[PDB]
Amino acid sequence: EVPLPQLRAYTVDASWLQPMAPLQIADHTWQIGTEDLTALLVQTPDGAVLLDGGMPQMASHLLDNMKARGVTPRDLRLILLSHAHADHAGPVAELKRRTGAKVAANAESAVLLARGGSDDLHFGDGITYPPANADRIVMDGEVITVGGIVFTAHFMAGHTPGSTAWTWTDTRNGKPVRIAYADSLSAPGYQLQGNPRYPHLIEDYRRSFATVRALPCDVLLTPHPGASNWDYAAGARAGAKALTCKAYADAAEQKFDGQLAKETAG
């Protein structure tokens, strides 16, 4: 009659794919992704770190922005991830091939990255990307230092088992700026209660709200800028309206509680 459906590509709003020039956040820290996907370059006298890469088709754009910053493929030492979904870890395999970068991630993020986002607890095989291997496994609270920028991992399981907030201290005007790159605290279409694939999902999210609320956090950034009220297209005012970590956690918790109630009603 009636063939099986074609494969459906993971398609997203144009703004998520809209290239932007590097936007400086602090002395060593730049947004180099797109208007609606964060990809943070931290540049040090001992090499560079990338936190997230956005979608798979962003690899070349990231490399161009790195070059604009004076960061060559060899200079890129480390890729860190918020979580290993296609829209944040998309280009990681390609980046590894084209640069000196090695990936550090927790065990959950590493296994999900190694399967290219397939067999996702919630999306199944709906949202996949090229698989990549982690080079270093990090534990909760573990520190990775590059050129005296100290990144601390704070596990915030929920959006994915391996979701992580990365914190570090940069400077702006000779004063310290405690940057918190907090992962998503959404649960887009997730079954929250009694989920056989994630039995403690709710407890994990609750704990993650508390973790996020308590982060060292002069400046919050999030994988989608809109989540923390960043506007990467607003130039000098990009971070003006940004939420605190406390407000971001509170909003997320409130939305989660609403989603729980809707699920019970559904």
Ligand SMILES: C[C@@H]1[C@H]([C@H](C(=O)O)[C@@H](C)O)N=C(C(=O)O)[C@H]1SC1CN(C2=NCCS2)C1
The other form holds:
4 protein chains.
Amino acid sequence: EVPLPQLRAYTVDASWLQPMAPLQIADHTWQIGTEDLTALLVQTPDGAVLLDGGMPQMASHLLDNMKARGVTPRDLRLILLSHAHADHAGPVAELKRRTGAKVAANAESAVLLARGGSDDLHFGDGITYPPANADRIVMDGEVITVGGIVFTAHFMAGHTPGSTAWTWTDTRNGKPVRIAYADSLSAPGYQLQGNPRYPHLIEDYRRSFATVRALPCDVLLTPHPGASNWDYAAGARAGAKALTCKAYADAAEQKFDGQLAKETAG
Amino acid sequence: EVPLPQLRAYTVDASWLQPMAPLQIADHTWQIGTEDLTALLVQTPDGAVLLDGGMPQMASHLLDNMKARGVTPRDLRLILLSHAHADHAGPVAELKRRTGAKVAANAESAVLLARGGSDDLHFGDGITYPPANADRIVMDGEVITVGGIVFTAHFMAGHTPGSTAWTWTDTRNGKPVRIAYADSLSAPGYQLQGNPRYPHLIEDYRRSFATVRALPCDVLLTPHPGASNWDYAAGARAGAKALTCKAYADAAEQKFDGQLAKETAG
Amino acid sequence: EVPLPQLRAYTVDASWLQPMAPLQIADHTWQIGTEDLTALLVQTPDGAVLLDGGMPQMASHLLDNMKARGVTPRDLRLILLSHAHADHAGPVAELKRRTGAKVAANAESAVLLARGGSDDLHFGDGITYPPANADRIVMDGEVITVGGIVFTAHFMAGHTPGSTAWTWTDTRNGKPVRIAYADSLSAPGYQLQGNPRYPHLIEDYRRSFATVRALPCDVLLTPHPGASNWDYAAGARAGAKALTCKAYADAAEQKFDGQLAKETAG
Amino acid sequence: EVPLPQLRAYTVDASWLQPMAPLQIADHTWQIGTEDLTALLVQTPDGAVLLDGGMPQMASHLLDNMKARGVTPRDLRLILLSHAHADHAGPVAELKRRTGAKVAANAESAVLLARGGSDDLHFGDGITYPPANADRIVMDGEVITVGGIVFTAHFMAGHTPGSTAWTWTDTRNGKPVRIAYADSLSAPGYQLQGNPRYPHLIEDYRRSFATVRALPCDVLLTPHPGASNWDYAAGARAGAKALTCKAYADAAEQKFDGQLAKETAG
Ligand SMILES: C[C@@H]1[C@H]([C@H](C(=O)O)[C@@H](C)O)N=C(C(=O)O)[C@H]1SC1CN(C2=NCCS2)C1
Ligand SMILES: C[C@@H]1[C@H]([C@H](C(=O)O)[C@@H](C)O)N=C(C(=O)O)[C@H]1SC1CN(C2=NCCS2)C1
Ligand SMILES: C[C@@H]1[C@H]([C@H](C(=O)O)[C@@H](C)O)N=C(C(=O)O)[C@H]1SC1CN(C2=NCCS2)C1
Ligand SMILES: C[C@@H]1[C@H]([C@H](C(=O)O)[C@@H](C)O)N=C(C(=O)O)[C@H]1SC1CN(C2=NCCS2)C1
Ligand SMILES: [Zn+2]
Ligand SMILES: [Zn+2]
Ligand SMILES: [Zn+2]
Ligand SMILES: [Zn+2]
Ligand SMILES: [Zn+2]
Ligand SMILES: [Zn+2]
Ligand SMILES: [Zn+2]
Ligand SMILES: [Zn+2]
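Switch from the form deposited without this ligand to the form deposited with this ligand bound and print that structure.
Below is the whole assembly, all chains and molecules, this chain first.
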């Protein structure tokens, strides 16, 4: 006779958990996560910003890389998120306990973060992480300024209701670089059509493709580097093959249209 | 020499606080609030739904009117909201403590409700009420069903980010009546253009006028009855002069355009 | 070269997950959990109370057993907890989404429940579950009444800060039965002396042994049945060997004193 | 005919709202609130701590006084509280939005703070303020260290369940000064005996008198300065008449015994 199943751990490809040393993207912007998960540190004369943290077990590695960059825990002022799933917001709660960092996020992301990814529209309770509270709620198009770096929120609902692209301007070789950190546009295993928990899912994705296509975007980065053709392990060539925001949006839309057609058939 | 000012109470016109007996709108739908604030009770064989509660001091009156209708505290199953300002969601926290009711709301409304209306985009902390937590988060177009009455959420952001119209079909004289409880479309004292806390405010209002115009709408009701030309004190004629949803949206848009032109001049 | 470790699932002995049919304890009190985790249903003419839910994956089984007892989801009015660890409060969030149930708990338990067991004083983030909010905060000695069954909270901090014994009087063979659901008194792997996160841990445990010893206690039940010598699989003899509250407190204190002496040596 | 009453503002004696310039208590400790409400700034080489903020309208004044002391908003690292009523925790939410400050509090205080003082055990919803979330939960006797100043929490439940005395050691004229910031011990209009929302109220107060009596206490300060015979407007003599912790506890207990005897008679 038969017990209920044991809880299943959220396991991921090893490369998503492979620590790397900081990789510079522009004068004040560094990739400090793992080989296959983005976590961006932006260092300013007035403290540091982190965009995403990756998986829940990455907190100590992130703090190690911050220290290597000259950022102590007090100096971390702000955490921003692409979306509040466990592989991107995983260590946010712990980072808040261990640093000076406060979280800014939109209402949708704040609600999902506050329940630790539980009651997900598509995953249920299958992929959870430690819950965290947001200190500031942002609206679409709102700006946050740290040490003179101006971050702009661009809502791009679909992958989660609260999915956000964050843009800012850094410098490189003397010139401005408009960086776009665009969120995921995948729909992994999602019911797209007639989903009772997300009735306008398709319309939202279509609007989000258009938003991403139009972002100020000299350099695109994504939560999974492979989605934008980054290879964080390739050193001086890590970004050489990166997609434009236009190409990223177009590729995501073509994949999405294929998934819709497969869903209608299946 | 000069102390800081005393806190100012949120005071309103007396008619907003004038209790009235239940006024029937359709076979299962009643106005149970005050003369000038809507609070709608929908009674089903499987429990009751409340849409809005009015001001914070209205909890006991609402419970009195529910009892008069045959609804005990256990029978109240669900509270829905137009928007989470103090004159519409005021008594929600107390109603939850005193009844079986759970709250369903969108993420924006849930966040504002959870802070008791504090840190409002336009009012700051000037108009607060007891905070309450939402038990269910709804997405645009999602349905909630109680005792066979199907309520549909239609997001109409503007007055607050989380403003929602709720629609359902009741019956009257043997025939279906498509009831639309459309939220406020006012912008009282708001900075409309270039508002850093709400950069897309104007676009959202314009989309919301179009949403309201298109609602299924045999009978329109609004949080302030006068906004839809209801007179709750007029008895058998209370709804005689009510606007259509199309006329309500058109009047709100004309007022909004006037306010924009005045803001540009002022 | 070496990736960070994968997340580890919270796995438990199979018997903790082995469904059982409802086992009657007294006229209105039933064990409805698994062979080795207590979840008590108390059925009243005015709805049902659940004390604990067990592991997170037990929600559907609990609802199955409630249905077998004549308790539909609307009829479940109240969830009470021994303490907010994953093997006792695991399915509370899901039960709230799927039933009419509201949670009453003390402040300590509410705070831990709201973070899903994360940032535990002793376990860190190693044993988490879906977070849930409390609808009512109770103080020590406060009573909650459902359908004429009066439940009294007796704080017994130690195993967690918010650990609580719940007592009530049922009937059996015509006579009153004072039931005591006393919380765990274990300290599994805990640093007892000089713990910076719990400086008064030892004093709290000692006071809690005295509280448990003095409870009104014709029948003792515990979150792990074996702690009170219950065998839920033994049918008509399931409770035959149960400890008194006095014996349970004495055995817990002797174990605790042994652990203290081992900690001093180790 | 008769409308429901208007909401009543929480108004206080003018002296509670009378700004004062910073008054030094010891080498790193300053009173920066108003004439009749304590708000203590402790400045360290590693940032500043605030103990209490006073009334909700005091945020800007507090920030003015911090700036005068050389403390910018980024430098404020920690807010601690005596208890979470509106005249002591009033501006905490706003201070969090406007500074780097994180809140540490016990579970009881965190729960009350998170509901903005609503559903108070004795005041109901009559005295509310903007809700705020705690970033760290502290246990009795736990220490928090900022820039080498060690703050110790001493729970003294009664006035609120979460009432806390905070102690630390500063210096003055070359010598250590053990400062005790002991919470209120009043019971204003409280039902003391047989209170269903606080059954152990009397026992808690009695234990709290003993806690206060025993604190390390070269200098006592209290949330209302008059309770410890401080006169913040008396300049160089402001603290001359201050009570010892022993005298404060004794006076509070004598008042409490008188109130008990009056309650029995009334
Ligand atoms: C299932 C993935 C995971 C998931 C989530 O967050 O939804 C978490 C909960 O496991 N993250 C994803 C995302 O898009 O963020 C999805 S798609 C994945 C990334 N892929 C690539 N293929 C080639 C270049 S990268 C496929
Ligand atoms: C200032 C109003 C108030 C406010 C809010 O909620 O914003 C609360 C916080 O005081 N509620 C309003 C709403 O639109 O809901 C606004 S407009 C008011 C209703 N009016 C009518 N004129 C004629 C027919 S009704 C003017
Ligand atoms: C490690 C156990 C577990 C743990 C917790 O809640 O702390 C969760 C997080 O895995 N639950 C326990 C409790 O006391 O509740 C502890 S002790 C366990 C019960 N035991 C018995 N031995 C014989 C008769 S029963 C040993
Ligand atoms: C009613 C007071 C107020 C109240 C609270 O916090 O309970 C808030 C909500 O208005 N604060 C108090 C406290 O003890 O903190 C109580 S007693 C007050 C202070 N008194 C003195 N008399 C002489 C020297 S000071 C009488
Ligand atoms: Zn995702
Ligand atoms: Zn992902
Ligand atoms: Zn409003
Ligand atoms: Zn209004
Ligand atoms: Zn436990
Ligand atoms: Zn256990
Ligand atoms: Zn007080
Ligand atoms: Zn006070």
